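Okay, here's what each chain looks like letter by letter:
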Amino acid sequence: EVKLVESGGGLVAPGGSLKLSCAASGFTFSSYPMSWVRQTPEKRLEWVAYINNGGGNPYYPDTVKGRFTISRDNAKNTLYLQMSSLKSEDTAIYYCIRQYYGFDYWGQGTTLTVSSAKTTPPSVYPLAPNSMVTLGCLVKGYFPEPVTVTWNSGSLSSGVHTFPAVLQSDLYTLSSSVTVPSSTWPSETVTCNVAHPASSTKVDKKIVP
Amino acid sequence: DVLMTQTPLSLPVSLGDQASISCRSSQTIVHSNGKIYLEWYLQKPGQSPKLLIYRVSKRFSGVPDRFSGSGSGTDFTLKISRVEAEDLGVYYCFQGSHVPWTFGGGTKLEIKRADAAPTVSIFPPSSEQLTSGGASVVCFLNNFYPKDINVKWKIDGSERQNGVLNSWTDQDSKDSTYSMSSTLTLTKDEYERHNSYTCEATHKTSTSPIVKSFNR
Amino acid sequence: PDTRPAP
Ligand SMILES: *[C@H]1O[C@H](CO)[C@H](O)[C@H](O)[C@H]1NC(C)=O
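Protein chains in written order, with the numbering used here: chain A, 2 to 210; chain B, 4 to 219; chain C, 365 to 371.
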């Protein structure tokens, strides 16, 4: 199936260190070289590391050379990226990649934020008010990004879109909208599930009329 | 380093029509072995990038026939022959011939569709937030096109501009629309000194605003 | 042959 699952992201002070992990499955891990690519808040893509199938030829751009270290454990089917002397410019989503023809398969990514600020978990507020009804969730006052918002633990996938977070006064706020048939609600329960990994926090808010 | 420069920055296109995305390198990008490692990646809203094309013109497995890459020297091109709504997102070129490997800046592909009016919903503050001392009033303007839209907040019939925060989605791949939310933030003390709250959306689909209100 | 060469 080929699945790559990154982990270890979060908030780090300037000058600090942090190591990312990536769980590889669905293929013969030891046969393929691997790369890390990062995407900055400006949505620019930067390649940051390469390593061959056997764990050799570690290569880096000069922007992270001497600070970043790629490594792998072919027994555990894991790829690592140790970081140190972190700067503001390292803040990004970091993607694990199985490489062959090009960057063939990308993980979903894990987020590093380099900042002196402190972690703040979100407050989550329900939004409640015809054959079709629109409900919502207000996710207010968190730092850093990201949060993931899901509805009924994933069951409600259609009729859902989440608005980009905006920074005001050093905290993020976003909203998520879901639309269901009037029959569906409040006859049956509709719950907003918010995850903030940097604070290791999960909130479940039911939408009551 | 090799600089990869993309053209245009944004590209509007109708369904079934053709799109062309240009890439320009700051130098030749032929590897020591004589081959050119120019790659095309597509990042759809909310997703990781995905490979479409490597070696200038070779489609990665699964990529439909309508994606075609070409070029040499410093000029390279991606063509999409019959754009489908699912093709929207940001396209990146990439050179893998010389180190450091480098990406272009990206070209956003936008789908043109028929003008569509928003579906407006206004929401009052929750009791949970009112206990924290704050009071956000929220308005969703959902599933409209084109992206540009105006929202006006009114408190007891009077316009209110300060404390408003608006946020647009990326284009939806299913229906090719946009949505946006408007959040008016007030203190608890201020919210309870008034009763009538209104958001009205003005869109090019009507000179008449779409008005939604609540009391208390 | 088609794979991107190592750095
Ligand atoms: C491309 O990568 C593969 C995967 O290991 C092999 O190393 C192959 O030798 C490479 N091909 C070229 C042209 O260097």
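What the hints contain is simulated information worked out from the structure, not anything from laboratory work. For each residue, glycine too, the CB sits at the ideal point set by N, CA and C. One or more of the hints may lead you astray.
Stated by the list, open to error - Now the in silico label distances, taken between C-beta atoms and shown as ranges:
hint, chain 1, residue 1, chain 2, residue 2, range
1, A, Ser183, B, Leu133, 25 to 31 angstroms
2, B, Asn198, A, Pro187, 36 to 42 angstroms
3, A, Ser183, B, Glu162, 47 to 53 angstroms
4, A, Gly56, B, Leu133, 53 to 59 angstroms
5, A, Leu168, B, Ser199, 45 to 51 angstroms
For each hint, the structure was consulted:
1. A:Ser183 to B:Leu133: 25 to 31 angstroms: 27 angstroms, holds
2. B:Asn198 to A:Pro187: 36 to 42 angstroms: With a Cβ separation near 25 angstroms, B:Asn198 and A:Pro187 fall outside 36 to 42 angstroms, so the hint is violated.
3. A:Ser183 to B:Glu162: 47 to 53 angstroms: 32 angstroms, violated
4. A:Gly56 to B:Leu133: 53 to 59 angstroms: 57 angstroms, holds
5. A:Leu168 to B:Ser199: 45 to 51 angstroms: 31 angstroms, violated
Hints 2, 3 and 5, counting from the list given before, are not met by this structure.
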